[PDB]
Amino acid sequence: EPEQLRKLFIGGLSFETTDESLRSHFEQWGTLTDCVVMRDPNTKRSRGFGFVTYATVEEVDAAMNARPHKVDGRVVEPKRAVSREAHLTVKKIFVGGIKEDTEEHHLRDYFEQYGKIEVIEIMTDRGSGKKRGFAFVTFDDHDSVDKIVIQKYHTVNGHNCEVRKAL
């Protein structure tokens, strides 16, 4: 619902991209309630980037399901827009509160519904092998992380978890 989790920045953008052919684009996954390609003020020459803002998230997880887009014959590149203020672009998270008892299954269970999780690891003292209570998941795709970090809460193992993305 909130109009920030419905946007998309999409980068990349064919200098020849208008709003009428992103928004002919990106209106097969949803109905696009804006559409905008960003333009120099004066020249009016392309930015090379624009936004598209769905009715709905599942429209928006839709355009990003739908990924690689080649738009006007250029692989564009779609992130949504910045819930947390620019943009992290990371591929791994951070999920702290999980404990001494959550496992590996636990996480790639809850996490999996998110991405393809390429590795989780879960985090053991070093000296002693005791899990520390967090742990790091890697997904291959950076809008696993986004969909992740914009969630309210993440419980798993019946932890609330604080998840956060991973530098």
Given for the second form:
2 protein chains.
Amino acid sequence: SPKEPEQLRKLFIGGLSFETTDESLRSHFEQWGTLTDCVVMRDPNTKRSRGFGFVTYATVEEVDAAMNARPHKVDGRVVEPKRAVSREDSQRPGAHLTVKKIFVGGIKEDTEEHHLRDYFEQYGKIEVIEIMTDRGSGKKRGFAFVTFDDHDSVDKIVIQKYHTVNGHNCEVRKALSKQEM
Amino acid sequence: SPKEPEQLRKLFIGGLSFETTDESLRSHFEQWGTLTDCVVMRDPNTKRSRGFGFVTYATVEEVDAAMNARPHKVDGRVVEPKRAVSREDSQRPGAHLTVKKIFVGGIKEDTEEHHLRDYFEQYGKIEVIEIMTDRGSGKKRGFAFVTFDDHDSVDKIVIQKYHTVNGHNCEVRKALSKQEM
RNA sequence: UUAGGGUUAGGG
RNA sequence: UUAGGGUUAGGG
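Condition change, the form deposited without the RNA to the form solved in complex with the RNA:
So here's everything in the complex, that chain up top.
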């Protein structure tokens, strides 16, 4: 009886201690809901832990409640849980990078800070809003950077590439530095 | 009449818009106290802005109140203020890197999380505390990583290299990744 | 079309 | 002496 989809309910649990089994991974994350699925990824030959796994709750509400419980110490080790990234986007560069900033392209020269603030507040607490303009000329360049205080907010946004802000169909990507491009 | 030293009262203001003068830099940061010193660094020949400057309050209280006002938009641009780093440490690698994690070496096999928590809480809100141990052997390795929610907390700590925690003289350095060493 | 200015570490 | 395990992205 699961209404919400699987990917929205799934969490990638990276950095798992090599002592973590399916059972010890389940016995930890079950404190924040019921687990539809809980697996520790292993090598097909050695069956040794590959250092990451997946958990899937019945509700996305439980997924958010799980993320509200960071940090997570499973089997005596701090793990890094991340919202599940599609097998599509996982091939794209920087999809797995933990960032607190996003790229917003297509705002089209009439979008100000309050437009971004009023829209993106619904995903998390906003730190900075930078409307990119051409220096000296003052012309707006049609894209902006929004920085949140929590990386999980960014991860919830970029799974939906397209957003309609201020009457524009915009693209939202994870903010990559110049040295990662 | 300045009791506290100069370096503790000085802030490095990086990323300054090239339109920022001493006066516009002062007219912004004077909202959080009195400015002992306020300079925009320029090239000796062109006198064009080098993109950074310094401000110095009369109290470190005003310096903390200034940092509580992040982000700072000076002359229509978000600037990155940092606690002043000695001309010594500025030669050391990674001193200017904005990090939220610290290295703590010398805790010596009898220091647990609560020892680090009770000591380092006095500098800011703590996110994670990782006591580094040898896998499989369980032996403690004598160093730890402490992650704060604010980079400014880390910057206030690492200006004092040596700290006495749990009866040990420990070294505190900025957490550098493996790829920056 | 929609990728940032890391000259963003010292003048006195 | 006091530098981290980025095999931390898919099994079904």
